[PDB]
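Got a structure here, written out as structure tokens. Questions coming.
Yeah, one chain of the complex is gone here, protein chain that is, but the others are all in their spots.
Chain naming follows the written order as A and B, and within any one chain the residues start at number 1.
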Amino acid sequence: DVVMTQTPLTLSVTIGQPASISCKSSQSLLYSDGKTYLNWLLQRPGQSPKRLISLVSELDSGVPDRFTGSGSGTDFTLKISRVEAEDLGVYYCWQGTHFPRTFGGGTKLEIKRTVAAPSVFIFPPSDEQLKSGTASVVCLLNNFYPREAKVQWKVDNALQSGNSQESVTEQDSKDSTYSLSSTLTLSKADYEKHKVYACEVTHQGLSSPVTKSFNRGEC
Amino acid sequence: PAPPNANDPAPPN
Partner (left out) sequence: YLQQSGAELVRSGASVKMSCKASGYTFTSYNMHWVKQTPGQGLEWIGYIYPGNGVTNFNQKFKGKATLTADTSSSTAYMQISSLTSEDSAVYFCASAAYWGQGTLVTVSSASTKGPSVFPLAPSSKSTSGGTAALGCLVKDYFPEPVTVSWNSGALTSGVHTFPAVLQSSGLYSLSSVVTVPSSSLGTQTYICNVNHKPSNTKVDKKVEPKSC
């Protein structure tokens, strides 16, 4: 099989920076009709791929002219003249000359931006869920950068471990930030043993840790 | 409307 070697693995770029991605094939991609079937794709986080370039250099309809493709034989490059926030995602090359068709391993383009503190929100469990015998408490951190954030649960000031799960969004295609949820889950019986439920958030955008809290049954 | 380029050659008949 023809191996497509893509580099770099990751691009960490600021808005306005040029970027370039290299694709090297292990054999020539020149086909016997004289065309070189080398395509470039972008898969933004959460979406299907979209083709940007075909036949090495030909942009698809709607693709911004900031993108250019070049190369021949075995060495190919995708260049972005100045990166915009919506360019994030994973770029792939893929060759259509040989069987099997093969793809490069992907280059992840991530955007570097200024630090942005999270907005922090907390949700007590719903009465519907409590009636079923479980209490989930949710702490939400919205639109922050960088992605590292420390979220600690405290129940009547006791630090919790072992009862929560976190999930982080993909980087946002418009403001290049992340959001994160932390869900503390207890049985109703355990929930009812305690009064103060708090989530404490530490992040480089905050001058000191932020706590959001409620007393059980006040809501 | 200029049709999109192929990703790869079609097979013969």
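Here is the rule we go by: contacts are C-beta pairs under 8 Å (C-beta built on N, C-alpha and C of every residue); 3 or more make two chains touch, one makes a residue touch a chain.
Enquirer: Quick one: which shown chains sit in contact with the chain that's not drawn?
Expert: The omitted chain makes contact with A, B across the full complex.
Enquirer: Using the touch definition up top, pick the residue from A:24, A:113, A:154 or A:212 that touches the left-out chain.
Expert: Checking the options A:24, A:113, A:154 or A:212, the one contacting the hidden chain is A:212.
Enquirer: Who touches the missing chain here, A:142, A:152, A:160 or A:173?
Expert: Once the missing chain is taken into account, the touching residue is A:142.
Enquirer: Can you list, in ascending order, the chain B residues touching the missing chain?
Expert: Touching the missing chain: residues 3-8, 10-13.
Enquirer: Hey, which chain A residues sit against the chain that's not shown?
Expert: Where chain A meets the chain not shown: residues 41, 43, 47-51, 54, 60-61, 90, 92, 94, 99-103, 105-106, 119-126, 128-129, 132, 136, 138, 140, 142, 165-169, 179, 181, 183, 212-214, 218-219.
Heads up, the rule we're going with is that only the chains that are shown with their structure count from here on.
Enquirer: Chain A to chain B: how many Å between their CA centres?
Expert: That gives a centre separation of 33 Å.
Enquirer: What residues of chain A sit close enough to touch chain B in their complex?
Expert: 31, 33, 35, 37, 39, 51, 54-55, 58, 60-61, 94, 96-97, 101
Enquirer: Taking the complex as given, what residues does chain B use to touch chain A?
Expert: Interface residues on chain B, with respect to chain A: 4-9.
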